[PDB]
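In the block that follows, a single chain appears as structure tokens, in the form deposited without this ligand.
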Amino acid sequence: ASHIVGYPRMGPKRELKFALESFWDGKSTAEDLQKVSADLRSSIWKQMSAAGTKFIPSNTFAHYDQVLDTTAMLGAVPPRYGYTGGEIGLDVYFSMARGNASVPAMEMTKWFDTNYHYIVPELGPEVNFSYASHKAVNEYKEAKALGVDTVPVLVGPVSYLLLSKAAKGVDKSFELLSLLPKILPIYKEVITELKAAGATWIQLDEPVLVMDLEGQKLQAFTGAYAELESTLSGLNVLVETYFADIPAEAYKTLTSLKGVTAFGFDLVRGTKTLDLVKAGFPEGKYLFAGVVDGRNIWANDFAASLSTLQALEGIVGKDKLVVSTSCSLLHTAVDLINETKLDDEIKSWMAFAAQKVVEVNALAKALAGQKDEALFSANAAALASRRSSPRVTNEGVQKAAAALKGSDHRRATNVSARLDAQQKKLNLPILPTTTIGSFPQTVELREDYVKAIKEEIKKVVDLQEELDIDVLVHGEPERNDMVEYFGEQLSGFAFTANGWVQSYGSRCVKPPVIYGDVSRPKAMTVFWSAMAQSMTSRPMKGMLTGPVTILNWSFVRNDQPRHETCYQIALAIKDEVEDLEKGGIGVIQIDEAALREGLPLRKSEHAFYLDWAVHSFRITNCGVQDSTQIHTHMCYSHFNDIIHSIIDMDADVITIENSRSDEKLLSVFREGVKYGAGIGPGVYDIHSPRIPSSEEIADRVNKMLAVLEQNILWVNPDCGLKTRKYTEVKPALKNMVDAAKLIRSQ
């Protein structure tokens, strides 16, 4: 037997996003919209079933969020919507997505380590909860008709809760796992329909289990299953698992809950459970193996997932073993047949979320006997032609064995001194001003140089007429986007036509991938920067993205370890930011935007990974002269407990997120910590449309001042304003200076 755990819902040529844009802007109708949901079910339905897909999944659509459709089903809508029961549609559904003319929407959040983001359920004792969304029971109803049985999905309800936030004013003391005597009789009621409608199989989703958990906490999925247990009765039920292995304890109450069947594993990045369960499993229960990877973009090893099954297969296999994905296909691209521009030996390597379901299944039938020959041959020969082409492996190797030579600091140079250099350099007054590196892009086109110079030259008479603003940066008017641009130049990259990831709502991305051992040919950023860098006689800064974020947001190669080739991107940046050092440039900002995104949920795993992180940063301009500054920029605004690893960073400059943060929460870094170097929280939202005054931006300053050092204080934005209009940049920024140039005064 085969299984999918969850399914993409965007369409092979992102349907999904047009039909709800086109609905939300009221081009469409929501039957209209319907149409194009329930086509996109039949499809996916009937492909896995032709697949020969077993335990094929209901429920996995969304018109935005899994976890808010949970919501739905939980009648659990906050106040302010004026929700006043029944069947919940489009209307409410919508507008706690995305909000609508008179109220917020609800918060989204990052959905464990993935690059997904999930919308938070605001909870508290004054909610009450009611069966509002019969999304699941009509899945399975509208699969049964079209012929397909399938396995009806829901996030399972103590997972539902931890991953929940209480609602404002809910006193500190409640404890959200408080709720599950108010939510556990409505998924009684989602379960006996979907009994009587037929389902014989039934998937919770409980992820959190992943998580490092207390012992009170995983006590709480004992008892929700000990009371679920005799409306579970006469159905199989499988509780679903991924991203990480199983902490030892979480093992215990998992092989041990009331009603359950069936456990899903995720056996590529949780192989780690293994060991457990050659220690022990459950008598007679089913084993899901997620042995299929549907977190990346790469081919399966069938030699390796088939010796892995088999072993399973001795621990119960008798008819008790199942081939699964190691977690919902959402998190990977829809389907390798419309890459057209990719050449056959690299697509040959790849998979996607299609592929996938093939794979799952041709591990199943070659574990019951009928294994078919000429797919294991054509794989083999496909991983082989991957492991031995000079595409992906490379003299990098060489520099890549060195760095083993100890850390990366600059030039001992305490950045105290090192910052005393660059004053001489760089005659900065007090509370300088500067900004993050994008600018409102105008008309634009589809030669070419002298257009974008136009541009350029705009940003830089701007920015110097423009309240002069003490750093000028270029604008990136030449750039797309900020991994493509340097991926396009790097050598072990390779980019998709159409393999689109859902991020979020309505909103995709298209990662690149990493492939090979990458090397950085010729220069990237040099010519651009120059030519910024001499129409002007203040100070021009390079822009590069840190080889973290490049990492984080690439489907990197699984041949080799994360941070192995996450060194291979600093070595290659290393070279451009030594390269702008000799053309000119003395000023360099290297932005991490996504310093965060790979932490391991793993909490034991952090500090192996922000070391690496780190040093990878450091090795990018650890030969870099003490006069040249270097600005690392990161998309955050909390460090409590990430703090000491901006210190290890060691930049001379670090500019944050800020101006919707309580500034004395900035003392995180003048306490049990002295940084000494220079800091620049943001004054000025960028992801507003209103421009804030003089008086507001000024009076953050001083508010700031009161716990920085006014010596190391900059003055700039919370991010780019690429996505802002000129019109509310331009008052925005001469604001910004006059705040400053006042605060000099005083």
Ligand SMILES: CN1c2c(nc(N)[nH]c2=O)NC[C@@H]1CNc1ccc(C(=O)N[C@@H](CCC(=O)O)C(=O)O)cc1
Given for the second form:
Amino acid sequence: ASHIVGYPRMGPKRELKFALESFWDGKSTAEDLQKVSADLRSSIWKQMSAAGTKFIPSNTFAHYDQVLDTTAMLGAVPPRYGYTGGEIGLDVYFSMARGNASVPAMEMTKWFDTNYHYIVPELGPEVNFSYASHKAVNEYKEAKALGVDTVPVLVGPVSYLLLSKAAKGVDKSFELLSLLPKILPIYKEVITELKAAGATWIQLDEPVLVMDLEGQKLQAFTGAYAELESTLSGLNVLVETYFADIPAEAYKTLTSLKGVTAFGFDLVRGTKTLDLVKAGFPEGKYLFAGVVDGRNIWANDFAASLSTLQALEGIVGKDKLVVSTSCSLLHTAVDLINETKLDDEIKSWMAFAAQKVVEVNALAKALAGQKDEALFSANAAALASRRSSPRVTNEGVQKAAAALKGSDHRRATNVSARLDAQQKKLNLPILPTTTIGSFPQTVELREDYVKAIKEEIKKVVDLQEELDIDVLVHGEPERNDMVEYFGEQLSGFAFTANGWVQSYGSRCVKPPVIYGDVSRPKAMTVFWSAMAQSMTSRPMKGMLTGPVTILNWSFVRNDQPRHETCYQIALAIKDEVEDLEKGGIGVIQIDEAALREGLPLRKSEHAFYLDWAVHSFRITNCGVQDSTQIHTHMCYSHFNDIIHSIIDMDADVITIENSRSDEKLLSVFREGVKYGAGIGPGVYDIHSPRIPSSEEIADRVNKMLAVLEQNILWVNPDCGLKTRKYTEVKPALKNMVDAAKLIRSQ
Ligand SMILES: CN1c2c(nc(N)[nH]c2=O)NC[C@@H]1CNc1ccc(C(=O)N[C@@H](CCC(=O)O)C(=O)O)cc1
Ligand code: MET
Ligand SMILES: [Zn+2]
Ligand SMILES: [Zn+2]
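For comparison with the form deposited without this ligand, provide the form deposited with this ligand bound.
After this comes the whole thing, all chains and molecules, with the earlier chain placed first.
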């Protein structure tokens, strides 16, 4: 039959986004929220229903996050919220999700290797779980009433624990998995009610099984799914996994869990699991083949998918094979029908959530012997035009066929013996100041030059008189998005009108689309950077976004290796770096904000990624002068597991986070490393609307001079000042300059 592991919950036009925000502001009531919610759910169900989908998910909808949903189900609310028990409602839920005017919200971290963020449970031996949320069964009955029977989706009990973190105080020796006995009882109460409602299929999301798990942890699954067996009685139980392939030992455990009757596999991002399947698969167990990519935006290759699904019918096919999505469509845009600008030709190469629900069903029909010939013909035709179109393949493809000149290390002249020709061209006071890139925004309007110029002389005239700040920036007023600004000026790019994807809470992102070979046709920055470096007698740093970040924060073409596309981007950026130079920009900053985002989930796959990722960065400025100073920025504070890559980037000066970590951890830049090269961690946390007295900064500064050598230590914020308000940046930066002049007096 057909199946969808999950679905977006924001609405075709982000209906839930505004309803949530409206409710939070007070411009609407709880009931107004629930109306919008129940409506969205109804249309989603009916929609998949009409498409011919056999297994339609229940409980995929969430007001904020699916893990927070399970936290409510288990009555695991942290103490600070003063929860007293009973069915949890909107108040306590959003209290945890976004906090209130006295208690902080719960932490949010990245969900696997996706651009999505979940709310991490705070567990310990002191929490008293309980069945405090009937969302699951409620939705099942709700959909039942509408006439569409669903498959309830719950985050597996053991993955849930593995995704959690001990709350404050919970000693070091505590082992999270020691709570299984406390939460299993509740999973049973839920499963039981689900059966009573008439549910005959259930879905348990256990994605952690695709991680690198030790044997003691894998066993925890076994014990759990044996402890649950009697309750799963008379119920088809499907255990899902996605984002990667399942390790061999993991595959053994998984395929022999009690009560489980079906297995979901990601066969787009974890096809490696196929070999384990051929070697051996259980008896009459169902296999849910996730061949329709639920992580990207491209139209499926019905032809290839078919060949695959058919081979799998070989391994079973006894009506045990179920066509499915590689993962929740939560990770892709809602409907391609709302793309009115993109040209027909390009759109025919794409497919969003709603289109993917259909693909899954066409593929299912084809295996049933009812291949909709008209569907596969348009597909093949769209695939043909994509593989033929000269909008895709290009001679940039040869320029790249040359970048195989071994490495692309920057012209020897060792960084340390290069910082000399630079301080020669520049000359600056030890412990220099500077910012990371942008400044607060004002009025904003969509000639045009003169208006932008004003906003810059403001940021320039300010920096100068702003005590000092040895190295200035233009503020990036002419840039709305750090990734889009550039993509709008590259060849392999395309931009969507409504392709939103949920990032966390009510916040979404609309990723650019890299459809073909990228190349920078004309000068991008240059103009603005050159103009800004003349309103002052101080160094103006050019601003660019590294090729790794641009790649990660876009929907990348699924027809060639990521890196291959990454190197093309690197080649294009490489020009701007060389034109910013010919323009008179002696200091150039290149930020790699999402450097760690493309990190494979398989630990043994890290090496290869960090390599081509770092290489791509070097290709960017390998052909720059020795007097030209390159700066890199990365939004991180933990590098114990990636330091060598930061060093292999070979940057004259780098700026990361810190500002709320030990300046002691900076000794990972010394012992057994001997970095020696420009570096400067954050002294001003730009995520807080509060000021940090010139004393606090002048202090953190000395603390670093203790560890990180003083000979090459810089003083900068924590990041840009775009989200900050000029009334908060004004004084905070002043102090940073003083705190430097101060320690400079030494
Ligand atoms: C910079 N980040 C961001 C993300 N995901 C992507 N693809 N790209 C990004 O810019 N990766 C992680 C990181 C932090 N997360 C985020 C995610 C979304 C928003 C965001 O778009 N915020 C807007 C809402 C815009 C809208 O939905 O209309 C805001 O004003 O809060 C900010 C930071
Ligand atoms: C989040 S990476 C920094 C981007 C840009 N340089 C800024 O300062 O906002
Ligand atoms: Zn940053
Ligand atoms: Zn190395």
